[PDB]
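Before any questions on binding or motion, here is one chain by itself as structure tokens, the form solved without its partner chain.
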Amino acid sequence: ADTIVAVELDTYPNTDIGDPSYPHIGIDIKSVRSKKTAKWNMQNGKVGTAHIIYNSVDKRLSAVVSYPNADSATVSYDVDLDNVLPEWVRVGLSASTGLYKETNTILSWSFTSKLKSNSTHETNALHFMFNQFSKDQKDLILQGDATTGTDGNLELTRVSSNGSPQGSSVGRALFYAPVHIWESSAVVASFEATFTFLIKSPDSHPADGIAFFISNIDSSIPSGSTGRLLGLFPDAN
């Protein structure tokens, strides 16, 4: 039972489980039923960007998704991460396919985290920037169908030799080091994440989406968590 917090980019509306009737981006606290969502004007074949920020002052997690020359989509939710997550965690990217599929490529990824402790008013921090992925990336923990090196890109779900996506796939990419996401004595604590992606699809119904997540350290892909579950949750409850 992993504790999970995520920002999803749902490309397929699973109206059974509370997903609205269109692609959208949402926020997930311990469940695949997003506490808050927002219509996202998904664009197939185009490189997009997702920015996610959070800070220990407003105690608010927000995220923006956009494509060059187009309206951006925003989603925010008030959440006190101190009570939802353990102090040490790991951060990652995650995508899945089901009966429907799409490329779940990641062109770049950046993350910064700062803990400005009470005791000294001296910062603790971590930052990593990936604009190119080496075929043997030793600082990423690839889980599932996640591979690196193809064009300097991170391909989260299985894509064949033809450049075409495979159905029923799941992948996850985690930074090797555990991040100190919060501390009892911190004045301010914050994080900022960004990643550009390319969700291409040869059909008319792409699924299932990508998602930036923060989990307990030893998290692993929940068995059979493909499709609508986006490699994060064991059940749609």
Given for the second form:
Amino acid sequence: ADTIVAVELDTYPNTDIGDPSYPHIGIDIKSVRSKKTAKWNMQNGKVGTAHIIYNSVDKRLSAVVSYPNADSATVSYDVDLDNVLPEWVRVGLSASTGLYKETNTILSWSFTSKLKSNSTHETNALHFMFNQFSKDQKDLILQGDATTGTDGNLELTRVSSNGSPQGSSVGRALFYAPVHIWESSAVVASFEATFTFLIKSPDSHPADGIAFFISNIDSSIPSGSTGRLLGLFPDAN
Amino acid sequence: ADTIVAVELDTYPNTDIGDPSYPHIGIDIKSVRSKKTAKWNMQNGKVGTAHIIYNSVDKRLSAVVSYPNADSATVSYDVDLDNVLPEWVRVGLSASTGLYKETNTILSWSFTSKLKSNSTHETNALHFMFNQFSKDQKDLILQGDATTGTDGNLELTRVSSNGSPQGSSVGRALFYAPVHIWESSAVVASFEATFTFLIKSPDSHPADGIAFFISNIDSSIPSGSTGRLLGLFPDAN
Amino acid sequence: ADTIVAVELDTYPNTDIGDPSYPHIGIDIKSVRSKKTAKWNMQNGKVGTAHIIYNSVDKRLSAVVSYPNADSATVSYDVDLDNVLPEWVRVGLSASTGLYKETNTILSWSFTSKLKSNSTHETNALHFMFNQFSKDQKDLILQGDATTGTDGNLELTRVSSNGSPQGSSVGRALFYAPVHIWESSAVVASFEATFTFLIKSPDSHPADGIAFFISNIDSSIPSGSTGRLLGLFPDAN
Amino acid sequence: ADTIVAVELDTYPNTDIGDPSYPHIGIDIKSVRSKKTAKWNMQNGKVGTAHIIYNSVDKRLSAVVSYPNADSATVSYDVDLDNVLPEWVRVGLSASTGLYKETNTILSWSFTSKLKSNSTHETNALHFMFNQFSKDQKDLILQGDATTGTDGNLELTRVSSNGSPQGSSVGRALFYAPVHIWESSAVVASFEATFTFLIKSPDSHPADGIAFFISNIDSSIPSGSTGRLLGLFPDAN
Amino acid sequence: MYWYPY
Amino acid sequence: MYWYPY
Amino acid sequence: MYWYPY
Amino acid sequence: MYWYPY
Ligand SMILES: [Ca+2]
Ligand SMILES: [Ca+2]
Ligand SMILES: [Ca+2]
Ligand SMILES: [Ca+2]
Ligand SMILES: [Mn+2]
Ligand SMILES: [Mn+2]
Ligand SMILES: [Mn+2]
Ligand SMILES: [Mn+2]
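In place of the form solved without its partner chain, output the structure of the form solved in complex with its partner chain.
Whole complex next, starting from this chain.
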């Protein structure tokens, strides 16, 4: 089945499957059980920023999530993506709710991928930046309850007419064109992602989180991957 | 039919359909009969560069074709793209051969599109850059006889094993993801494309040309668009 | 004297020196008497944006000034910069006040210059971006009453403690490193500047304006260039 | 005195002061005695590429030097630049020869520095790229025997009319404008440098190397810093 | 409501 | 001025 | 020397 | 086709 690698912004602690006893940021490598986590002082109703970076020289994936004038959380895990992902992949944002809910709004999203092979400074690069989402976003693949438009924002999960988060929702946004993430011959390969989110829950005690993920070109939402599964995994193994 | 705007690097003068009496560069707006051309001193066997620019403030499409240490060819045409192209399109490269041939090799291709809606500086941008094409270029849509892999380069038209160009050949290369070329609320919309070519002709009698084009998302090669049609138009009206 | 090319955001009509009878935007080529202007519906107290573009292929300098959800002002002027400016220059922002005042606050400023010599694609480029200015902005050359630090912003002219604009004030902000604006062997030379301003006037009678300018590396504020001279020219010829 | 941090491409093994018994790449923190080295299969007469990267999230400085179709050397050292450099610095290239000599040619050099502070996506950035050096390079500060022009290349050390390397030479190239490398409040700060060199020595057994360095704004060449000192340090402490 | 001089 | 759940 | 057709 | 000193 699918191949996933993700940086999750987990808002609810599902201890029954590894989650720490608190909102956290994590790095998932083919499993919902993060290979590493860091606690995250999530702030309901506040706009935040996420930063994921990686380079083949250090083979270290790191993420930073922060809020204006507040401390930030950081997490890093050493991993050689070449041994985990196919050389061609798709990148996207995933989010879900379950019993408890929360809005999972993306206000902006940009990605940059660079690959420099074995020939004088030959560099291949891809860069996209969404500072505003249109109703008809032809360069995005929306899966599940994902929707764009509602005055420039990407709503990953179900939101009512009045604006409240619906429980049991799943939605993903993948950039249309495939990304060449690594090449068995590049001096240096690197990518960096940034997106500003807005997680707001009325029935305070929000769930379940947002995750930036990388997968095989043809990935789709596994059935029953609502709640704790973040719309990324079919089981908690 | 399709809607096509293209900058063509014409190598054979078919002065029967409006063509000038010499190798030229022109701007085509939905027709093979260029709105404006300019003599182009084509150098067989030499690598060259083509720069195409356009911004919504001036509503002027300009192109520059040069060869190292040589005079350059320049052509512009005041045209408002909002009233010619759908707001979502695809960009690519098309080339052809007929009775006479030439190699239509692409060594690199980069593209950048910026859109600034009136919620100011909120900018959306797409940028891709190709310095080398691999045998399996997933982020590219190859049509006709177009192929990549030939060690780094993109061969738009048929070239034999030994390396000679074949006659009656048509090929195109479109970028996978659709592009948002213009938007009503846009304060400023611009884009610029750059590519290096190598048109080689053993029998110093090349034909038919290479072109950078913009079209509807589902454009495909028209029938019999080999030769003088550069694989862009169905007829010569 | 100095050599100055500037795009001015004039707020007071001094129709005695050629000024239009209303707030306008114009292009100045070595004189305060604009080569061409355009009515500008200035909105006191609102943040605005100014986009300036120019490329050597068209040899046309264009500017766009807009306000969120409002019609924009646009002005262009066919001018060949090679025969007006030395190949090395400095770029900056200048503003002034006289009998009447206004705040000439800059919230952000970005600049990008590209030069492609005929050794093709061999491209030289300079790019700087300011989203916030610190109290000690070393990569900036402040002249006159210009100051940074006021929490993020760049105050070109004098503003009291309580925050009101002072009359008879002149200030400039030039980027430290010189810029290579044009070069003989250049296939294509271009540059684009963007900045957000906030012109505020307690007594709804603003003056005198803000301008983006290009000049010789050692340009400095001319004497008595307060008010109508926007701190760019010595006289009004 | 000066504050230095550099990635050196050491071509001669000065064991008498720590150098490994072979050409190497190293990371120098305020001392010519690298905190870490990696052997480097230098190739006299071949054009090579250097890549230095760093980000505040990982606080890890890494460098990659390679040659077309050959293996590359890599070196990394964990260091928090905030505790080593002033927040404002200058960046440059340094090279030297001694008894033994070598050409220390720079064919291209580009740098990018990004700083994102504590306010919604406010990013400050600086980017310059030299693909060709002009005789009169006003945006570069040349020290010592450094010279530009000789058909687009930066020659860091003395080269004779006929083209042979002179012993006992020192030269540096610093980018004119200061760089804000870190800020006591930025979510993420990062920089990346790339330059292609050409080290050629006739009297084979070359010396002494090239180094990418970062220093206090007003750094200058220490006297007697030829040979083993790489034009960076006043002594081997 | 901050917007006008003329 | 919505809510930190801590 | 590779350069000309016409 | 100058020289690797190894
Ligand atoms: Ca969870
Ligand atoms: Ca023709
Ligand atoms: Ca005036
Ligand atoms: Ca040494
Ligand atoms: Mn978790
Ligand atoms: Mn034609
Ligand atoms: Mn005026
Ligand atoms: Mn050493």
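Here, rigid core means the biggest group of C-alpha atoms that superpose within 1.5 Å across both forms. Positions refer to the first chain, counted from 1. Shifts are known only where both forms have a C-alpha.
K.L.:
Superpose on the core and compare between the two forms; which one of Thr120, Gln166, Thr74, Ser134 crosses the 2 Å Cα shift mark?
P.N.:
One residue passes the 2 Å cut-off, namely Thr120.
K.L.:
Keeping the rigid core fixed, what distance in angstrom separates the two C-alpha positions of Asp203 between the two forms?
P.N.:
Value for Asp203 between the two forms: 1.7 Å of C-alpha shift.
K.L.:
Fitting the two forms on their rigid core, what distance in Å separates the Cα positions of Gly152 between the two forms?
P.N.:
The shift comes out to 0.2 Å.
K.L.:
Report the moving segments between the two forms: consecutive residues, 3 or more per run, each with a CA shift of 2 Å or more after superposition on the core, given in sequence order.
P.N.:
Segment displaced between the two forms after core fit: 119 to 121 only.
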